[PDB]
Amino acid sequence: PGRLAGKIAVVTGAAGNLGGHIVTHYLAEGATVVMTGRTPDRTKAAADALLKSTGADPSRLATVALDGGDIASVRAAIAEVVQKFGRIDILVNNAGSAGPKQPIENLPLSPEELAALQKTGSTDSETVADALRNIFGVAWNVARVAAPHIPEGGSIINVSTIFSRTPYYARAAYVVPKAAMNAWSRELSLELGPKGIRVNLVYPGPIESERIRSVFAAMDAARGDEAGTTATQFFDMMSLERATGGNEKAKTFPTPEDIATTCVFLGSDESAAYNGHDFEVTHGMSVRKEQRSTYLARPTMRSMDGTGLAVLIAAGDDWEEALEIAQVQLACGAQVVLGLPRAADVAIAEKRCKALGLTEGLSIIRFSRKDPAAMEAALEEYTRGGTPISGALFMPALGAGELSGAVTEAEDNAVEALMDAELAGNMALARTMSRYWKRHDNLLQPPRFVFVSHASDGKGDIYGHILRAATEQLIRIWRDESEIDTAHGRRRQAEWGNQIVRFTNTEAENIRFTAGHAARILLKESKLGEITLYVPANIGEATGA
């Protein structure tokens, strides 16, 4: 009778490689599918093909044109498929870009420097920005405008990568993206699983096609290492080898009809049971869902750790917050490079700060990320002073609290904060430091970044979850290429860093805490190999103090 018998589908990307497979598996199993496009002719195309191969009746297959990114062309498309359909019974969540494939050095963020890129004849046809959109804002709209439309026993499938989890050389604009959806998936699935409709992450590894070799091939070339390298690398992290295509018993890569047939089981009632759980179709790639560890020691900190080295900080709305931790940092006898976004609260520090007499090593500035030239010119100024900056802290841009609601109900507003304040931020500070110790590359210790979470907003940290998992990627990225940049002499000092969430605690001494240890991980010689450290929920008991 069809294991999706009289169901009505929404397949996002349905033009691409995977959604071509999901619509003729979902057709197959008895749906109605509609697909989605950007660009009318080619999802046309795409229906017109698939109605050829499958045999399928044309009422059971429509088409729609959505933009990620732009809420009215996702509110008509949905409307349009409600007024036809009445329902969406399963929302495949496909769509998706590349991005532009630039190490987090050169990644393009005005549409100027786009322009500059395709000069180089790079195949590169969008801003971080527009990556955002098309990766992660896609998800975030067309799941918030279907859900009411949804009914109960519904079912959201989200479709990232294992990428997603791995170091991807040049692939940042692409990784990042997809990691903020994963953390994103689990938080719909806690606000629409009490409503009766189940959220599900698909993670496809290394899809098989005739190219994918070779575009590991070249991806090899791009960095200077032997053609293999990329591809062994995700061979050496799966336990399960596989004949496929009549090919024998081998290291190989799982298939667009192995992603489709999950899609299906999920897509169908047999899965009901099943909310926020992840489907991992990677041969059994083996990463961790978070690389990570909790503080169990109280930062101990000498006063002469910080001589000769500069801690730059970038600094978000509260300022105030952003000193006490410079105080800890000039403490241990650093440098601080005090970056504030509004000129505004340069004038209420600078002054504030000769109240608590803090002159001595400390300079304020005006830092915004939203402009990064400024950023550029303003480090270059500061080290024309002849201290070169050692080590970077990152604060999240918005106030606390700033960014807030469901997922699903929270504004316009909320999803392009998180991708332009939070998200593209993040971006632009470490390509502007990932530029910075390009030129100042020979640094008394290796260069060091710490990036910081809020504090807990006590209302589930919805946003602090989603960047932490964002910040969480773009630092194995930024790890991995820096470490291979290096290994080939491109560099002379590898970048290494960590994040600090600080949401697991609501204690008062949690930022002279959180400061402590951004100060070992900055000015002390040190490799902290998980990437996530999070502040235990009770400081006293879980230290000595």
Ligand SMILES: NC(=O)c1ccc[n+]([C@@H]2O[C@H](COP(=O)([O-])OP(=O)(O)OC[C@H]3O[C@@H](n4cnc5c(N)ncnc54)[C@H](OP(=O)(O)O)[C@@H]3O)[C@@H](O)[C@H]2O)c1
Given for the second form:
There are 2 protein chains.
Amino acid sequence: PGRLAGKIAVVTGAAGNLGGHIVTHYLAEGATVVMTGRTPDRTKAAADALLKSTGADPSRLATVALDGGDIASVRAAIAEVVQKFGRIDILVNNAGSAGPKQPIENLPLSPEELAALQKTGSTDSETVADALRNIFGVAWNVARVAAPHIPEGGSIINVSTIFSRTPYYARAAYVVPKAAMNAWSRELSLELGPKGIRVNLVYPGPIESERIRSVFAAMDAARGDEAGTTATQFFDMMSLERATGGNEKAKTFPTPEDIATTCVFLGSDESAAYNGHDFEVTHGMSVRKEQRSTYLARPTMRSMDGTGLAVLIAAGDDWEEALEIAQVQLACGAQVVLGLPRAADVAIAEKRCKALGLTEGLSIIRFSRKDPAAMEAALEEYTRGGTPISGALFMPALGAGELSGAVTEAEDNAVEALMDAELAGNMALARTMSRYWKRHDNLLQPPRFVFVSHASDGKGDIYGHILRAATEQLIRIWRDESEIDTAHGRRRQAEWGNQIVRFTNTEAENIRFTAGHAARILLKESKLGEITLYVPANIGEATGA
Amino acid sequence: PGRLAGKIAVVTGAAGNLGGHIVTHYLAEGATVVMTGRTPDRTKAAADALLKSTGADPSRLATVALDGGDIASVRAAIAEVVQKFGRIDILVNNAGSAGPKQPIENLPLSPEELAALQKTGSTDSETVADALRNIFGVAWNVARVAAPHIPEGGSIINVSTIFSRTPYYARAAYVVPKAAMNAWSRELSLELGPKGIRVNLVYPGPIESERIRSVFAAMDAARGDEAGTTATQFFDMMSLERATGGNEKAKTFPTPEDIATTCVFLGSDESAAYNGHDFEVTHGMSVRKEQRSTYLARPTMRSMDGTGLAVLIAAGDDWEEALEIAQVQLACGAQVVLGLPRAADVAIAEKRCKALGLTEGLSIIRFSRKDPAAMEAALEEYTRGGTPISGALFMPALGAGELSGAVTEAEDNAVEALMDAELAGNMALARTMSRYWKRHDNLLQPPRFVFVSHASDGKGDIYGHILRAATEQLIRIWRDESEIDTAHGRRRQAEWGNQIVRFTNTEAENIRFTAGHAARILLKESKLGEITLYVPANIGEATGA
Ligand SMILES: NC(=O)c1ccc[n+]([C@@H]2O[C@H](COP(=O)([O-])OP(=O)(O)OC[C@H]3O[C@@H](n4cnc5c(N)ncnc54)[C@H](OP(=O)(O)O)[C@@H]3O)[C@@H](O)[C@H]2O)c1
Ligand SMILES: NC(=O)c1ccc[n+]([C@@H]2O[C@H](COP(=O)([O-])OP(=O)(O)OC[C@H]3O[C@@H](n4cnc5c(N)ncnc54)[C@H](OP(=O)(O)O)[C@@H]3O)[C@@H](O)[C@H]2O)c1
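Switching conditions: you have the form solved without this ligand, so give me the form deposited with this ligand bound.
The next block holds the full complex; its first chain is the one shown before.
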């Protein structure tokens, strides 16, 4: 019998290379497979050439037209799969796109910015939001449209990449939407676990092919690095050596067959004991799950810390919050630019700022991560006062509790709203501050960013986790890209920064703590190795005071 | 064809529940199995059972005698296996024994103590030392002997427990060695992986029996919680429910077959890519890898922080090291008991302390950790002096660098010495202080303990790493035992404490920085959530100063 005998399997991106190995292994294990592709012609071709190359019955292989980001197509596609076969025993979220292969400073956000990248003979065919919908959106959508038709003891397999947890210069667009999916897979496990549906996460390492060693050598050319630096990086993370392809034992890449044989194992009932589990098909590449630390001291700061420096604060709906952080920054003797998304809120706050009497060193302006063109202008304008922004604290876009609900249950707004405001806003802020610290590259101290999470929404911070994950990667890419550009002469000053997680603490005194430490990262001459830095549960206890 | 076709396996403790299951699946997938165990009569009876129950050719199975605590025994055993079949493809380190089932406070160290338990109708058969050798010794010795005869593409599998990273009540001698074994496997992952010998790590959850479901009713009785609390503890961690035993879907324990099927897979070439990997067959249990964080803060202290308080410092080989840590306490106004193993050191140190000018608040006494009856006696003499001991600080037993060499290429005595000195010293100091703080539950400040790592060996810190992950799980057991003893009104004062990792940083102040965070943890009113606290690489950078 076949380890997958009498099981309906759905494989997103079945036309691609791993796709077809998974389908091959599945048909040869006794599954009925439905192959999902954006195009019915390229997907049907990929289907028929698989029929040729295996010896399986036309009846045991099906295809269908699905595009994540178009939920109208994902419902119409699953439907056709339910009518046709009556259930989904195995989901394999393998669907994903390369993403714009540009550094953080040159990511195309608008369609005209992308058209403008096609005029420089580039191969990039995506916006950052296209890449999100294409990498992160498919998994989220397909999963939620499929979960109610997935019977007890069924399996979901979400195909990440090892590159989500490692530096991948000029690929901010590809990794952060994977890094998100990472936390989402875990959260989907927590919602579909009690229902008896397994959720498990495959991290394929760099995949062995003919192209790969040249694709890397090509990336090596990108950064002005001696060809082979990309490959050697990853080889040097690998602990395991192996003979593949009848070559000798060396540092090599894992195979498409290794990935397939895992998706056979994970799909099969042999794996029915595993949930929210990570499978790292990477030759034991040494990486950490979360490059983090919790704060074990009160942020002890002085009143001359910031003399000559100006912070930007990109605030969200809760401007009131932002201003509290602003306040402690001013208290350290730095200038502040509280950048609020509505102009409505620039009135209310500028006046309520006169009420408290914070007129010295603080300037409130409209600053809208939705529209970056103006975000650029606004920083040009502010610096004409002759002090340049030396550090940039970024708050979440949407008000706390704005995003809420089970990942499958959450509305068509939930994902699209989360993907656009939360992921694009972070990338736009990163591109915008990168572009600005390109121009004004002689600051008193090297430039420093800090991202900030919401406090605990107290519904289990489902969206707090996803965004911590995606942000943690965006910081790794940004730390790396700037450290490689700096060493090659292209910048004078290396951008560095951190992320502070508030949601591990529900105490009343948390914001002045969060904002306290925010100041230590920006204004003091520091480098914090760990990316994401958590606020302890109790602060009184965790520190001296 | 067999999924393990043409693979010589070696499964240690193959007579036990899982052992039978691993051999049964292995024979089905065409494996040639060598069963293993200290009792030949046992081993062979088992073999006969498995030869009937599975239609397996009696050629395709064999037995061999080996006690893991006894390396000679082990060298012989593999020698026959080698002689017979020529090589080892797969080595399953299933061998382990449930330790003494005794709470830290009542751990049996010397044979006489174990005999005092057996006249009590307790099922304890094992000293702490014995449990070490029975869980940790075996895995180390079987593997290191098997390695040479393992060809490339080879599989080592190490079977440990999830409970090695989660609290287990009065099961210190089970989980501590299981913890060392996790960190051992890691090192063996790295040392062999370059030879293409993959070394992965299975974490069984609670495994479905009739016995274990009552052993939780058993445990439940020892703490004094309602029966099914322990069941509901671990159930409450698991994200997955499942329909096992023909009972309707509910949170249920994983079957032995789930553990058996994984080895089939981990043994097989389908897993050619995975190395250093952890497989948790625990129904998606929610435990983190390690509860830890780096110090993003210089130790800030004050000159009265500890007046009226008293601190024990259990010293190892190198006492001058401990005496500088001791100066830092005294400086903070605490009193110091300096415990030195070798009675000769007492009068040597005594001079240095007058020469050095330290004469007030400091007492020096012989404090051998191989003599608890003496330890427990000396502490009572200091208490009679008039100040109870509020703070313990445990130094490593052996001199610096004395344990070295990659686990495989380790001297026969290096593993023996590491297990006895390091593991028993930590377990003994733990018992002795629990027993002392049971006797003195009315201290001015909660009682606080501090485990301090060696400084770097500058070689990878092989022993650094194993000894840390082990201590981390001793503390997690220590904290939870005092939490539950305090809640049920057995003890007024919650014991709590931390581990300080030093080997991460090489800087010249290194001793001062750790000696200073020891004083905080000891003499300040704080309860740090993270167990293991690392010194950061650069103290200049992490902390503004
Ligand atoms: N190969 C690697 O270097 C590597 C390394 C690590 C991880 N991975 C992961 O493996 C997956 C891809 O595997 P692969 O190497 O064989 O590449 P691939 O599958 O060729 O990737 C492109 C394919 O995915 C499908 N796809 C992409 N975006 C989609 C969307 N929004 N909606 C529907 N279908 C979509 C496309 O199908 P249609 O054209 O028919 O729509 C296309 O054939 C990705 O999820 C990736 O993160 C790959
Ligand atoms: N049951 C669970 O829920 C559970 C939970 C967590 C972890 N585990 C772990 O997974 C494995 C469980 O196997 P099991 O459930 O079948 O229990 P088990 O095998 O009955 O545990 C005892 C076995 O270990 C062997 N052993 C002990 N000391 C030894 C030594 N010095 N030399 C050689 N062999 C020795 C014994 O072999 P002989 O008596 O034949 O010499 C015996 O077969 C163990 O490693 C255990 O630590 C089990």
